[PDB]
Each structure stands twice: as C-alpha cells, then as structure tokens.
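Q: The lines below spell out each chain.
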Amino acid sequence: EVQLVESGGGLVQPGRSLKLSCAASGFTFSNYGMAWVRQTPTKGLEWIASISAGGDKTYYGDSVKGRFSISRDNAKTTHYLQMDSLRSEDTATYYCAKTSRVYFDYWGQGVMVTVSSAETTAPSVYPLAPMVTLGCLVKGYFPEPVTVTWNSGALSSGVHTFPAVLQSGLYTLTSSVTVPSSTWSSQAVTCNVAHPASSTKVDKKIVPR
Amino acid sequence: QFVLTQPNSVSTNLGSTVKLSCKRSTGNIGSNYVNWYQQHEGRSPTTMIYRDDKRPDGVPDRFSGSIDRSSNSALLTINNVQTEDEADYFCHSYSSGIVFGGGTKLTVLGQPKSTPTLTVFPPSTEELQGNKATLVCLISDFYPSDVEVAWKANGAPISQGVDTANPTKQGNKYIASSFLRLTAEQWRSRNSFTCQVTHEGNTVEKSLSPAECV
Amino acid sequence: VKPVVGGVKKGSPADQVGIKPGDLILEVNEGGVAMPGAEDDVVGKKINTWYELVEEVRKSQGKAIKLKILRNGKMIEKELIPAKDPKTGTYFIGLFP
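Chains as they are written, first to last, in the deposited numbering: chain H, 20 to 149, 158 to 236; chain L, 20 to 233; chain A, 207 to 235, 235A to 235N, 236 to 289.
Quick caveat, the hints were computed from the structure, so don't treat them as lab data. Where is the CB? At the ideal position from N, CA and C, for every residue including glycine. Be a bit skeptical, because a hint or two may be false.
DSBU-like, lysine-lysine: derived pairs with alpha carbons at most 35 Å apart [to be verified]: (1) L:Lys124 / A:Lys251; (2) H:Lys95 / A:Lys238; (3) L:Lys188 / H:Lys232; (4) H:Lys76 / A:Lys266.
Which bits of chain H does chain A cover? Going by a derived footprint, with three or more residues having C-beta under 8 Å, they are [as the list claims (entries may be wrong)]: (5) 112–125; (6) 186–194.
With the sequences and hints as input, model every part of the structure.
A: Below you can see the structure in the form of structure tokens.
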C-alpha cells in the first residue's frame, strides 16, 4: 500500500517563509523522483517543483522565480519544499506527488498554505445533540482547513463534514455522523476536531443532554 | 512552453458516451505523453489515464484515451457514463516544463430526483453559557442542487444572522448547511424556530422549540 | 539459459536502429521523452531469462523502449519502436537469437 502524508502547512504572513514536508512510504523511495504541485480555484493546477530520484537534479516551475528550493531526506523517506518570500498569490493547496517517468502516479492528501496578515484564530467547539444522528460544531475559526473524525476514525461510514460558511472573516462548519440508536446507547462516542493552523486538537464526547 | 486548453464544463447523460478534449497550443501533441487525472469535489486527484492510453489497475474499462494529431488534441472517452463519474478532469503533459489544462467539470444530468432529508440541532448549553446560540440546519440527500433556504421564527421570515452554505457534492449526492447567529435571549424568547428549504417547487421544513414534552 | 543476440531481420526495427548481432542485453525500459524530475525513475526490468525480454516486448504495446546492452564489453543504450505486424498483429523488432 502506498502512502504520501503531507505536513507543515498553515498561515504565514506576506514576505515570510514556510517549509513543507511530505512523508512517503509503501514503495522504494530512492527509486523515484518526487514533485510538489499547487492548486487554487482560480488558477487550476500549477506545477511547482520536481526533484530527481538521486536528489542531484532539480526542476522549478516558472510560477516561482527561484524563491523555492526542493530537498529530499532519503533516510526519513521524505522531501521538502522551502518557500521563501511568500506572496498573497501563493496562497493555495499544495500536494506532493510521486512520479513514474511520465505522470504523477500517486498524490498526497494535500496541505493548505495561506498567505495573510490576519492572525490565526482557533475554533470554539460545541457538541450538537438532538437510528440517530449526532454532531460536532466547529465555530469561528480561521484559516482553513479543519479535520473532523469520529471515535478516532473507527466510525468512518455515515460521516458528513459540511463545507464551512465564512462570515466576518471567520469560518464556521458542522460535522455529523449517523449511527444506530443501539450504538448511541452503549460505547462512548467522541468527535475529534483538529485545526492544523492553530495546532489544536479537541475530542468532545456527545452526551444525550 | 505550451498551454493545454480544456472546456470549462461538459454536461452529458447517465449511460452516454462522452469525449473530453485537450488541445495543445504549440508544438505537436504527439511529441510528448498526455495523462489524465480525476479529482472529485474536495478530494485529491487520482489517475484515470497515463501514457496517452494506458489504464491504471482499479479503473473501469469504460475509460479510454487516444491522440488525434490532426487536431493536436488528446481525448478522454467515457463509455456508459455513471453518476459516480461527476468530477473534475485535468489533462496533463510536459516538455521542458510541466503543463496542466485548466480542467473540465463534468456534470451528468438524468440521475434520480432526490427530495431532501432534513436534520436540525438546537444550541448547546455550553454555547449558551457564553450568551450565544447557533441553530444548525443540515440538508442532505437531495438532487438537483439549487436550494432556497429560509428560516422562520413563529412563522415569520428572519434574515439577520443567517448564513447558508452553497451546496456541495459528497459521495453520490449533495449536502448543505445553514447557521443562525442569535444571542442567548433571542433564542430563549420565541417558542419556535423553523428551518425551511424549498426544492423543485416542493418545500420541506422542520422546527425547533425551547420546550420539553413531559 | 542466457539471452544472446544472434540474428537481425534486415529492415526490422533493430536493423533500422543499429543493433548488431552478438550483444548481451541487460535491461529493457520505457522509452520516449520523460517529464522533468522523473528521468531516473525505474520502470524497466533487468533481464536475464530471454523470455523476460519477449514478455517485456508484449508490455511495450507498440510504445517506444530503451535497451541497455553490451558492445564487446561496453554499455550502450538504444531506443526503438516495436512495429505492429500486418498478419496476426504482434509487435516485433526483428531480433533472432
């Protein structure tokens, strides 16, 4: 099984720097080059950088005028994108992607870089109580994204995490899960909220209040 | 060095064949490989076609690729198109640099009409402790995607404090949410609020009330 | 056994390319221009059982391939395109052992 797990994103001020990590596994790392590619709703997919299998040849896209440098640590089976002199327009979702000569055969899950002089704001999390449907509420956060799991991912089917609304500069969303009422009547059920940009993680047990 | 042009959107019908084109602006298209990636709403891309016409394992055989040199275009053909195929499709090639098309959003009409399911939640005691109250209305399992969302208190329309999200596809259907910012007192004041959703001229609503049946 | 070159069908792909008999064939890999940053990616297979060759010629599917081989002891790489046969429709290079 092949896994590409990205980390290191979040919010950064214009003119500063941010380094991104992509933790690889499930294949012979040193046998394949790696790349970083970014995405926005307005500019689509833009290729950012690639590094060769032996780390000795690097390729930069013409969207960044040498401000970014790419590196790979083959002992940690990881690779890095060092992003200097960041600009508002560099705000995007960044993916790493494994190569196989002619195409990107696997993509990471993505991490989000936001270039903004607004502060990071951590969410307030509230439990939403009334088969049965239970919910977790992630109120007033900035920037995107948030993650929500249920019982540490042991509840995976039946989950809906709803797109956020944005109001007065803060995002609010809700996540729900639907379980048999017999499920609700026994084992504890907890929602797990992570806000990577504030580095915060909260579990809330949903009680029949 | 070159650009790849994709339509903005294509609309087709459940069970149809559909062809998505990808035209290279300069230089012969056959001079380098073309690849195709599928990206569902909110998710990472996955490979549909690589090396012009090869199909990754795991991908249904109704996908096929070809190269039309006379029109300098690559083609993604989907036979027997399915509702699970709604997604964005990006073509991809390279030479001295790496180039993506702008993406085509594929919409498939003709799937089954879906009346919405409604779920509503009152404010939590913990939130009220801070003197605030947020009413949550969750709208799911509906098709098509346009909705008008309105809230009532005691049957009168309330506009201030309402935030409604644009519908989004998750899995095989669409979801939406709406929030009402209130003060603790505004929530305690009336004895009914209603989330009202209108869909294809049909209206479904559910209400919430600070009381208790006992 | 061991995979050794013996005959070359005249006018066939390898003949148009420059493969001469008596070569040791080590590797057969994907061909064509590669995307930047992926030149050194390994997709081919180091061959030894001659059938691994013909297997890796069916995988070619008419797409270009590189061959890393030996000329009197020195490494040499030649890339070519297997041709679609007009009879039963099978890709060939014209390389008798």
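Q: With reference to the structure, classify each hint as holding or not holding.
A: Taking the hints in turn, this is what the structure says about them:
no. : hint                : verdict
1   : L:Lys124 / A:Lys251 : 33 Å, holds
2   : H:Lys95 / A:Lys238  : 27 Å, holds
3   : L:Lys188 / H:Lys232 : 28 Å, holds
4   : H:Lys76 / A:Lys266  : 26 Å, holds
5   : 112–125             : holds (count 5)
6   : 186–194             : violated (count 0)
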